[PDB]
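For this depiction, one protein chain was excluded, whereas all remaining protein chains were kept in their positions.
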Amino acid sequence: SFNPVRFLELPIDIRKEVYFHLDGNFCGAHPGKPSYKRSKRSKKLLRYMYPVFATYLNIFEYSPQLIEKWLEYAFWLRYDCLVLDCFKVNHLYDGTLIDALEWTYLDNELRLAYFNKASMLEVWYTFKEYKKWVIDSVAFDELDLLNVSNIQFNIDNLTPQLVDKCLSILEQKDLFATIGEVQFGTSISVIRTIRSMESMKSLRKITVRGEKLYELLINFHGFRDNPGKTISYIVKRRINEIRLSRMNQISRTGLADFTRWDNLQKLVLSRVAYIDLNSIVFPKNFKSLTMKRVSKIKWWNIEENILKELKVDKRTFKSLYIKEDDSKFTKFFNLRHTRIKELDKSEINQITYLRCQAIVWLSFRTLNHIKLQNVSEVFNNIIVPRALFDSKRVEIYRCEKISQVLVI
Amino acid sequence: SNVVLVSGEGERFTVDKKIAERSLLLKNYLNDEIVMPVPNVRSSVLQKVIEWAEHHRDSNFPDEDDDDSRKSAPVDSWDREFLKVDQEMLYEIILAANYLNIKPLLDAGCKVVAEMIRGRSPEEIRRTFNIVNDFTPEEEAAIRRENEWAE
Amino acid sequence: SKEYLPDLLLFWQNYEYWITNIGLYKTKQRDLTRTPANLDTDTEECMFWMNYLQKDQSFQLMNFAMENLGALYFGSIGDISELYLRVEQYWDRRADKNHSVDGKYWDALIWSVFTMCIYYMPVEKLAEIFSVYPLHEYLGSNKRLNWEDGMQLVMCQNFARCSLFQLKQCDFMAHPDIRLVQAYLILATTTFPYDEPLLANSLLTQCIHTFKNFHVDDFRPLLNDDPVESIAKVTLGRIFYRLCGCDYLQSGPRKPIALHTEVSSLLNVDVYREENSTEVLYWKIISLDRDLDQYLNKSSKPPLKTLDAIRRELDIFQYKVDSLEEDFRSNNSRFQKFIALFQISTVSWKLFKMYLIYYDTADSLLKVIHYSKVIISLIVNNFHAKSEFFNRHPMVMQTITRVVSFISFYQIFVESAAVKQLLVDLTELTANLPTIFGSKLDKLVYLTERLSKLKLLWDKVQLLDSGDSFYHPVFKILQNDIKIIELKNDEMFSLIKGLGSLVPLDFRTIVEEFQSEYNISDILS
Partner (left out) sequence: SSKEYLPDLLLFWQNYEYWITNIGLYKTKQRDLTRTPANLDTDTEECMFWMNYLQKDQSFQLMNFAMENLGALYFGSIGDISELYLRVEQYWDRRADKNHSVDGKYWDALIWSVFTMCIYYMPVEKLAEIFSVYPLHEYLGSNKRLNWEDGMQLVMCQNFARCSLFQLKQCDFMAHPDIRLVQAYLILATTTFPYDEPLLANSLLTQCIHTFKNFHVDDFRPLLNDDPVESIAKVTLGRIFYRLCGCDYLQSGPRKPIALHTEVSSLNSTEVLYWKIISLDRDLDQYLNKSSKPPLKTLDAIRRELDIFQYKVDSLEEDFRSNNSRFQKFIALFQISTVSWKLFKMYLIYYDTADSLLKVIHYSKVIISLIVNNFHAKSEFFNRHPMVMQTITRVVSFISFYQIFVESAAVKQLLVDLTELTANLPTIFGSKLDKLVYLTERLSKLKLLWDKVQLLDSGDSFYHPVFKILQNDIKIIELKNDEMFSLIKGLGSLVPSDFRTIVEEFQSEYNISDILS
């Protein structure tokens, strides 16, 4: 028996962290019959509460149990003060905890909908109904929090006619400065938004799923003379982040190049079969690159370079150089699944030693954040410097098959 | 190897040197038996805290920075009803774990307090929707007056 | 009700910066026409201080330095024994008059080592080595007073000012070399920047012009490079991080040419992570601290994710302090963990303080009480026997300034329960500081009892209100003193002096009465 009379007078950190545990499923009820409804008076409900839930949720047009839920349900969940308080607290972070906020066009006012994990819509607002109370009741008078630019565009679920209709609404009324990022997932949908990307002045981050569009939209791969379909260089100086979700093998042709996109800073990668990082040309500065749940690892192919510039055999590199120490520090994190290996302080010391760090750090190419999650099928042994295994910019949480990780 | 601390009203709790390590903000106090004040937690609330910490000192607790084993985890079999005492004691418990910097009980109380929201009915949403005057009264009149007809 | 609390502690931020970090240390505005020029007599006295130091005194001072103080020169010089060789060459060297540049830069370094060694030198050993008289038949002001009555202070002053005159004698201004910067880094742990800010800031601008005229950026050793150049490179890098660390502690609006262009947790800034871990963690703590404290003059407000992130690497540094190699008999190791515990308490205390000012989050009073409690806990454990010299580091004059001025500004408006007890124990231990800081210590106690007298004017004079804001004499004079520090540290006045000929120029009764009885324009000295 919760009451919302209280629970806006909890401390704002606890009000963070309860919403941290509440991701997009704020409510939970989720799993010849020619669409008989069996609702008593609802024939004008499905005119104006299920014209668009049929389209967006066509799996549950049948719905053996939950047919009557989402009509009467979201009459008030866009006004419940708890969920509106979520959209108070997460603007006050500039969108860290649960952003997931995109643009949709439906019912002729361009509802700024939010979707859940299973891409089922929950809450919607329109523009002057949103920034009249959702914004000004967190930002009191000051003018930097009255700028919202963490709103995605995300064309993989809009059918294309909705897409090129929701492009032409921001040209005459200047909401283009609001738009945050854009998600992708030849395809007729994706090319519209890029030749319609002339001047938004507000792009940071990019997500593309799959091989076939990645090969033609991100890799330079030698070619610089595309007649139409500009990726024009004036807005090419804006981006910070690259996301790759699911692949088969990133460099099927020869090469995962980023000779352009010089301002990129973070690269998240995801559930991908093959990565060989020598195929990535690693632009001049990016301090973060990461991957999660990967299944084949070649890992820069430079351990044998250390083997050849210290001029010994691999067997002699193993049999006496590694001593399996655990002094005081490494009991702090668990990592009971991992066998860290360490180099020596006596047989090489002060010389033939910092040159090894030079070979490592010429390859690591000005980055520090690695963030490896779940692993399987590593091939070449994992090497980390001292400067990155100490002070924990390396982290492998669920480390199921990995052994002979080694720190220099 | 027996360390003690004092409560909000003042009582003595011998624990052990190694059961006490789960309060990391007690481990900033063991740079040096030794007493430690926690003035915002009562006796029985930290009795619940110490019983939790004693029985899951027998287990392993994950990496506390991954957003994988936090945003989706089992609650426990044990911690269902021992953190289902009452509405109001859970608030005192989560303030207490915010003090003692034991993140896993803070998230474990967050599990149950998460459960008491995923599963509230749509008929308190009928009535407990405008507890706080966010919209000015003309438009909560209005919100019923573009919704005059479904009930 | 209590509606002054939101528009109060933000003005406390504006006061906390603009009194306790510039109005009490970085203001030395004098007049120019009065000030006597050094023609001589700042020359001739310290050949007399040269031969006042003999040879075995220098060797036992070096034994003092190697045995216990081994956490201050290690950022500068590393090994000790080469300076045994070097003081051997100085006790053979003085008998020449045509001394070269190299040897006298070497004496710049080694006088900087004695100056830093006499600052931290306990009086029980210093009394039985030196003798009191020959200073006072030089200068006659008092006849009978021991070292602890201010002779250590003036010895440190004269040691420093004519080690600097020996640099003046060697003309550093055309011969840049790294040992000028090493002389600074060994001298940065004395209070001379507090005694002379303008001198130290100008010569730190020459420290910057020494260093950044070397154009070294990456400090990892390369593959295609000489071994001796590799070791020179890594020691150059350690010098850079210690200079940035001792540049932050000095920082303010009196140097417009500042070095620090790095980041720690950002998520023209250039570099990040050019060393792994020996003593770089010091600069990591200081870089956490600068992200907290740039907002002292900034009118904006901190987003909470930043301060949550700072809390996170304080949880990391809570074990990075312990993970150093424990040395059971070595007491320079316990000097190092004194330094490390005191920094990680200090920065996190201001973190929780900022939590209380803007966001008023859970327990963010009682947390601040806990961290001030553990600061005073460290100060009382390092107080019994054979362990007294730790409290002479010139940051404990900073954090005690921070904590005392905060809690005394807390009891003027808010009368909480136990924070009376914390204030009374804090002022009691403030009077029990080690006896070297001189003018600034007693004038801190003057400011403390100034605000303690302001406590009694709170609950006696009632309030006046304008509809939305309370009007009160405290609410006038607490902006009046900020305005007078505005007027004092604005140097357009001096330009009107230095150019041309023309010169520039019932609330009230209690306001300028309390101005006249307790003036604030007195840190000028």
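For reference, chains read A, B and C in written order, and residue numbers begin at 1 within each chain.
One rule holds in what follows: a contact is a pair of C-beta atoms (placed from the backbone, for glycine too) under 8 Å apart; a residue touches a chain by one contact, two chains touch by 3 or more.
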Field: Residue of C:54, C:202, C:421 or C:439 touching the missing chain in the full complex
entry: C:202
Residue touching the undisplayed chain, where the options are C:5, C:50 or C:101: C:101
- prompt: Quick one: which of C:39, C:95 or C:269 touches the chain that's been left out?
  reply: C:39
Omitted-chain contact residue, chosen from C:8, C:236 or C:374: C:236
- request: Would you mind spotting which of C:55, C:125 or C:212 touches the chain that isn't drawn?
  value: C:212
Task: Quickly run down the residues of chain C that touch the omitted chain.
output: 32-39, 82, 97-102, 104-105, 168-171, 173-179, 196, 198-199, 201-203, 205-206, 208-209, 212-216, 228-229, 231-232, 235-236, 253-257, 491-492, 494-496, 498-500, 502, 504
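Following the convention adopted for this analysis, only the chains that are shown with their structure count from here on.
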- prompt: Looking at A-C and A-B, which one has the bigger number of contacting C-beta pairs?
  reply: A-B
- request: Go ahead and note the Å separation of the Cα centroids belonging to chain B and chain C.
  value: 42
Message: How many angstrom lie between the centres of chain A and chain C, each centre taken as the mean Cα position?
response: 44
Between chain A and chain B, centroid-to-centroid distance (C-alpha), Å: 29
Message: Quick check on chain B: which residues sit in contact with 2+ other chains?
response: 65, 95, 98
- prompt: Which residues belonging to chain C are in contact with no fewer than two other chains?
  reply: 362
